[PDB]
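Quick setup: one chain, the form deposited in one PDB entry, written in structure tokens, and binding and motion questions come after.
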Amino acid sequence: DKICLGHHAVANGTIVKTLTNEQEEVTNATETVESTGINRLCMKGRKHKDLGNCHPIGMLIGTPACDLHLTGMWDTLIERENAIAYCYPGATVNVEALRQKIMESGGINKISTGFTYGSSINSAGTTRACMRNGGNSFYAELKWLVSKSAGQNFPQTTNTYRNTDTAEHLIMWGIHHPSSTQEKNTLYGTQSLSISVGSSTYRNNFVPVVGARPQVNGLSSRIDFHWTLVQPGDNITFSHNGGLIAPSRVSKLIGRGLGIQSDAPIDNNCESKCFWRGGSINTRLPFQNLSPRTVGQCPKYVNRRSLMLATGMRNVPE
């Protein structure tokens, strides 16, 4: 005549790790590391700009791919794999620090610089290397200044952008590196070329580096870009001999937002706080094993395929 105590068990328990033991069986566990993510960018509750074939640098200089992106407002800014920054050969000096100022930002304004050029100047220079809407063109925010009369010396010019706003303004400019010495002489003249650039907080001199012989060889016509912030109340001046690709507008980055670099397609139906190269991550869990490169509010990447946490007791079957 008898009364017994006992506990439950399950047909098949789950194996989990303890301090004293791997392979310790349990009545039930659950996963603590997230191994599956949504493969689309989730943008509910966010005003976002999906730059598409545009690259953030193009935004500041107005490359044709970037025409619809010269201004904007955004919580988030998405950037895609093969994106286009330039239509004319050349790079941006110090370009990574810049992409990040554009990707940390929350919007862009454009302010005219009011730059005006003498008669001796063609300020309406264009190139086939920049086909906008079917025709020879150029960067939207710069102007390719050359001698109005071919061959005759480009005049000693001065231009001054004044920042009168209460925020710093990012100004950009190009320096044209001719392809052959014959060419330099056509656009600008035989005179020695020199571009000084100076604000209170910057100072520099650039000289076009002329190329030689075939178009095909490493040294050909390219345009390299430079940049500086202009602080509120501060004037910035250019002194050119020609070679200057001068800005018609300057930029002003507004607020703060989240830059995503992703190849995933945008889903506005879905909400999320954490993103990566190949999608999002919406999880309860504190650890994820999808990728070590994420941005936003994120579960920490760990190099473990699986970490089971017992939710039940030891599983002793009969």
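Residues that one form lacks are left out of the comparison. Under this definition, the rigid core comprises the largest set of C-alpha atoms superposing within 1.5 Å between the forms. Positions refer to the first chain, counted from 1. First, how it differs from the form deposited in another entry.
- The one residue among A97, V207, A212, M131 whose Cα position changes by 2 Å or more between these two forms, with the core held fixed by superposition, is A212.
- Residues present in both forms were compared between these two forms after fitting on the core; the only consecutive run of three or more with every C-alpha moved by 2 angstroms or more is 212-220.
Switching conditions: you have the form deposited in one PDB entry, so give me the form deposited in another entry.
Lone chain follows.
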């Protein structure tokens, strides 16, 4: 008479690593590194904005691509690869910093500068580079000031915007750089051009400069965009001789949101907290090997294809 003690085993064991063994066979194991992600931006439960071909900078100055995206509210803001900021070709000072501020925002409210110009100024300069509805147009949030009478000196002008609101305002402007002495004379006169800008927390001077350049969107002339934050109760003033691209409106960035850059289409029936440019990651696992660039609440990225965690005893077959 006999009674025997034993443990189960399986025909197919799983190999796992241990402190003392590279190749240790156990009854069962599971993955701890996620390798699969969702090819959509899972947006259910998020007030989200897909910018499409609107670049975040474009929202502020109102490039035609961005007409659907000039005001709004969102907790998630999606930026896309084909994104357009500029129709009249140009560049922006500290552009990445500005883009990051926008991409962190919870929305944008627009507010008139209230700027008015006298009879000497034509403030409706438009161009073929900025088509709006089959017709020549310009940045929606800016006005291209030029001499009403061609070749005449642009008048000495002062414009002041007061932030009478209780939160900070972001205001942008441009400095026109003509592409020929002839073009510059027609627009602003033969006089020396000076544009000077100032608040309690900004002072700068700009001088339009003529120069031959390659055509971008058909234009050899450029616009240099600048920006600063105007604090509550402060006033900002522009003194200009010609060449200022004045703000018709200023921006208020509201609250907070999560900025995402991605290739993936949105799925609004899908819920997620982790994003990468391929889409979303939904997993209970602590690690992942999909991408080292992720946004939101995510498992940590690791340089391993697989990490097997044993869920059973040593497997010893018959």
